[PDB]
Amino acid sequence: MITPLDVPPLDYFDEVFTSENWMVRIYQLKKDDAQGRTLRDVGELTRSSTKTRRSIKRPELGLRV
Amino acid sequence: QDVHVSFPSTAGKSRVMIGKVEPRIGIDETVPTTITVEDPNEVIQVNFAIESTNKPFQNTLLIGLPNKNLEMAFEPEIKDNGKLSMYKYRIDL
Amino acid sequence: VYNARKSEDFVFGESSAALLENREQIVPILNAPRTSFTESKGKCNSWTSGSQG
Numbered sequence: 654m655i656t657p658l659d660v661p662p663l664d665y666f667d668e669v670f671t672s673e674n675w676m677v678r679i680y681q682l683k684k685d686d687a688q689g690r691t692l693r694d695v696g697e698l699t700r701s702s703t704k705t706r707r708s709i710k711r712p713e714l715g716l717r718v
Numbered sequence: 023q024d025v026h027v028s029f030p031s032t033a034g035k036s037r038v039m040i041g042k043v044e045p046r047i048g049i050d051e052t053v054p055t056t057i058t059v060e061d062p063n064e065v066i067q068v069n070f071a072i073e074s075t076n077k078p079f080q081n082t083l084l085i086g087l088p089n090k091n092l093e094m095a096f097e098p099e100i101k102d103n104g105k106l107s108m109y110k111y112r113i114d115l
Numbered sequence: 163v164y165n166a167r168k169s170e171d172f173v174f175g176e177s178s179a180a181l182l183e184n185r186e187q188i189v190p191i192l193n194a195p196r197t198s199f200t201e202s203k204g205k206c207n208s209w210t211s212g213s214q215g
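Residue numbers (the UniProt record's numbering), protein chains in the order written: chain Y, 654 to 718; chain L, 23 to 115; chain A, 163 to 215.
The shape of chain Y in the complex, shown without the other chains:
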């Protein structure tokens, strides 16, 4: 028996078909984001974060080539 707190969400694929008795699931590779950011950051952008709370910090990104 599984629970909805299991099955982590899917941020690179999206379903396009699923049969009547849920046998054959058909998924699609959704296209990479236009602004170049990774799709799990789009997924964590569009939900669950972060209760209208912020933080301002030196982003520790290294250096631009």
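I should point out that these hints are in silico values taken from the structure, not numbers from a laboratory.
Any given hint could be a false lead.
To be verified - Computed cross-link-like contacts, SDA-like style, restricted to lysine to any residue with a CA-CA straight-line distance of at most 20 Å: (1) A:203 to L:90; (2) A:205 to L:82; (3) L:35 to L:79; (4) L:90 to A:198; (5) Y:710 to L:35.
As the list claims (entries may be wrong) - Rough simulated footprint, nothing fancy, chain L against chain A, three-plus residues with beta-carbon under 8 Å: (6) 193-199; (7) 205-214.
In this text, a Cβ means the ideal position worked out from N, Cα and C, and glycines have one as well.
Chain Y is fixed; fit chains L and A onto it per the hints.
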């Protein structure tokens, strides 16, 4: 560092070590120029030079290629006691 | 974007620099003058270095 002179000892430590540490002097005069020193210690090659003529507010060390805009600034480690002030830059290659 | 035919100056009264990620899409146009820094009234760290802003 305010009303006194100072001394800079740029140390270039290296876990993987391959260096020659050349030097040259062809630039416009900024009223501060001194020769560098050397050492043969274990994993610390200190370089001693006194270019501490002018008053410091910023004190930073830029490392890289200026012609292709690859710079990296390092944090100084200043020790000022009494009237004597000294600097210490630690570079890890 | 712009190519200067001769050396000229560009005024910037009070400004703020930007740290840039290494993405392909980002197109840099002008650089901080390599001897600059950032300071605040608070005792925070410096935001950018000389020529990386």
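Now the hints, each set against the structure:
| no. | hint | verdict |
| --- | --- | --- |
| 1 | A:203 to L:90 | violated (33 Å) |
| 2 | A:205 to L:82 | holds (17 Å) |
| 3 | L:35 to L:79 | violated (26 Å) |
| 4 | L:90 to A:198 | holds (17 Å) |
| 5 | Y:710 to L:35 | violated (29 Å) |
| 6 | 193-199 | holds (count 3) |
| 7 | 205-214 | holds (count 4) |
In this structure, the hints that do not hold are numbers 1, 3, 5, in rising order.
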